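Shown here is one chain on its own, the form deposited in one PDB entry, set out as structure tokens.
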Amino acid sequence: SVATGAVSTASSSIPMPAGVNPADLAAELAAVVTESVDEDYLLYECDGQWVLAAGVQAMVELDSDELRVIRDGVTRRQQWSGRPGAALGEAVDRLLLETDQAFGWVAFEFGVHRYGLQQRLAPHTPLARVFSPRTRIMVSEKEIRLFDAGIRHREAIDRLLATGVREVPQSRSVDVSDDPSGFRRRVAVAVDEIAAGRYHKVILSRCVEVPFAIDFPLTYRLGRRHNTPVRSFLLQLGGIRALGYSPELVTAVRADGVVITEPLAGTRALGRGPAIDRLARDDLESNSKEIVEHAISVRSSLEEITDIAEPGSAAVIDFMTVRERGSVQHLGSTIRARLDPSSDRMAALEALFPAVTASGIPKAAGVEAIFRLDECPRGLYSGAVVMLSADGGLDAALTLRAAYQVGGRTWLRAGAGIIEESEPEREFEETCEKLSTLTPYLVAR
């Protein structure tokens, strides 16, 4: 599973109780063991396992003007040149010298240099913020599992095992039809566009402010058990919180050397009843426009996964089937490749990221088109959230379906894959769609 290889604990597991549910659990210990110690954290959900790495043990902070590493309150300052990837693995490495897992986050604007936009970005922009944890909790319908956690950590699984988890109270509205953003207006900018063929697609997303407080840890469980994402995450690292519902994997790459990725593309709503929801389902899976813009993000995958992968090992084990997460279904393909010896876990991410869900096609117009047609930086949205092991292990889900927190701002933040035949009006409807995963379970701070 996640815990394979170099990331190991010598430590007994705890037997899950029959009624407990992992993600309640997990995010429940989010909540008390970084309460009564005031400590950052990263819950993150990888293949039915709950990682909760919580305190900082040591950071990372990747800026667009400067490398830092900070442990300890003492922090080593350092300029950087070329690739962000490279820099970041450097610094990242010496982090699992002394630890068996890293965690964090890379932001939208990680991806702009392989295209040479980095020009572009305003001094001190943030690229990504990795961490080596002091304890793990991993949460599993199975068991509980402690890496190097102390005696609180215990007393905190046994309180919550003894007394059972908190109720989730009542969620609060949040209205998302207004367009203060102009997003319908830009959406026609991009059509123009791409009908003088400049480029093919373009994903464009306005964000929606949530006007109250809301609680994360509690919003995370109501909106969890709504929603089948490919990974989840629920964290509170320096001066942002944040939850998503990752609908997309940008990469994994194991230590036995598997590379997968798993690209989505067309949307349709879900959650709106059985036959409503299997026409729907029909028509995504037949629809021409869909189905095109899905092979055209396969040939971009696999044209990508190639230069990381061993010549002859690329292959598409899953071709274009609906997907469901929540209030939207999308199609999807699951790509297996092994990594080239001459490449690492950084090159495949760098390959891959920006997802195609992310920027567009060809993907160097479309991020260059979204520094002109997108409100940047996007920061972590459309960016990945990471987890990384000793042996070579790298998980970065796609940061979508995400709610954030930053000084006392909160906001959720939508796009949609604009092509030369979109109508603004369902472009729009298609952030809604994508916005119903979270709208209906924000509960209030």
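Numbering follows the first chain given and starts at 1. Basically, rigid core = biggest C-alpha set you can superpose within 1.5 Å across the two forms. What changes on going to the form deposited in another entry:
- Core-based superposition between the two forms shows that, of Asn287, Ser181, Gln118, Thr75, only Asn287 has its Cα displaced by 2 Å or more.
- Core-superposed comparison between the two forms: the CA of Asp318 exceeds or equals a 2 Å shift.
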The other form holds:
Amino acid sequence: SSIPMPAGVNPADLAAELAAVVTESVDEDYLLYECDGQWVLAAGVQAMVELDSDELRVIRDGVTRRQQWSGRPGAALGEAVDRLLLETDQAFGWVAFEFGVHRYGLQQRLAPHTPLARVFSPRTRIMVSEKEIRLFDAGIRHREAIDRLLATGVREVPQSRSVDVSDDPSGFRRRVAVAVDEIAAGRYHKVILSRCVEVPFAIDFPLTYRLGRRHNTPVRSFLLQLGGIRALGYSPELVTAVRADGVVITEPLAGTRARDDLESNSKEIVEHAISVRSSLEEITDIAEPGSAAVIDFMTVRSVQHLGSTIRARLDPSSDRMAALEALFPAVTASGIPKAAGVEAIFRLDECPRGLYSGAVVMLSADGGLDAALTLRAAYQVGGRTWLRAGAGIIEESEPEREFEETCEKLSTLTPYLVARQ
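Pass me the form deposited in another entry as well; I've looked at the form deposited in one PDB entry already.
No partner chains or extra molecules come along with it, only the chain itself.
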């Protein structure tokens, strides 16, 4: 069913307000995913797939089926998610940074019960765009919430509450210096290290999402309440998109400014070129021979970046999870060469990273996959609320400038935190 979107109603506001009110009223988890002008609210859990380092669980109708798994995490997750998609048209969820370590032989360094992915089939889907609201399997209470919201309008967003991000309790400056020393010793070229920032008060996730969305222009965005986790984020990069017709895309970004300097700066050009070569090598491993190409190489995309589009056709011997695995973790938030960068993050960052630098995903029964890189995000789990931001460290990096860069990335969220109502 479809309802015309009334004039003067912003889709991000309506979708986040609908997520807040209806799911609390009917007692269900949800994931809201913004993708190319559609805010897709996946509400309620028909079935849940939980992939951990040491176990895979599928939970349906209150019953959990547990199993041991070995080999590639993408194969284990893909087999279970393909079964979900025999019964529903789409599945949604998140994939941890730790999902990408098996490829590099680092699986044995994960602690027991480390989460790798959470993917669910929803009971209801509501898609909100500037044009209309589309309803899929929406029952009486979900339809009544949409009607009430169109009559009452969205809530006014309250004033935000400040947070101090100047302290360094995790020793980010010291950790950057260790990475700089390893890079000078030739261990690797670049690594992204990060720091958590505790938010000392509880936040309202849907209101914070709406407020931050007015001041960010992301490639994708999300807001979720799933299995005891709340999270929201303004993803700056597409990890991968797989279409039903088999076309695979990845759009790495490297080099940033607040245009002539960025396009002529040797440091930005080298970092971009190296990322593009890495993505092309990874995509070529899952692609039909001769189908991989760089389209719009090193073009300029409040920040401006150098960007490239890598496109290929998925090989009939491969699949969307093998494509996600091949491109995971993203270079943008891991390092170069990837294997040494990922290994360095185990030693020099607070692990497990969990959602941070992993992905939020939307899968479709026709073979589609849309995976956004999780950065510029906030999380709440077990009574703890936190932000997390990092910076790419190269041989010339200085700990003080890198700490300042994390402050700049945190500023996408720190002025927009709405305290719990």
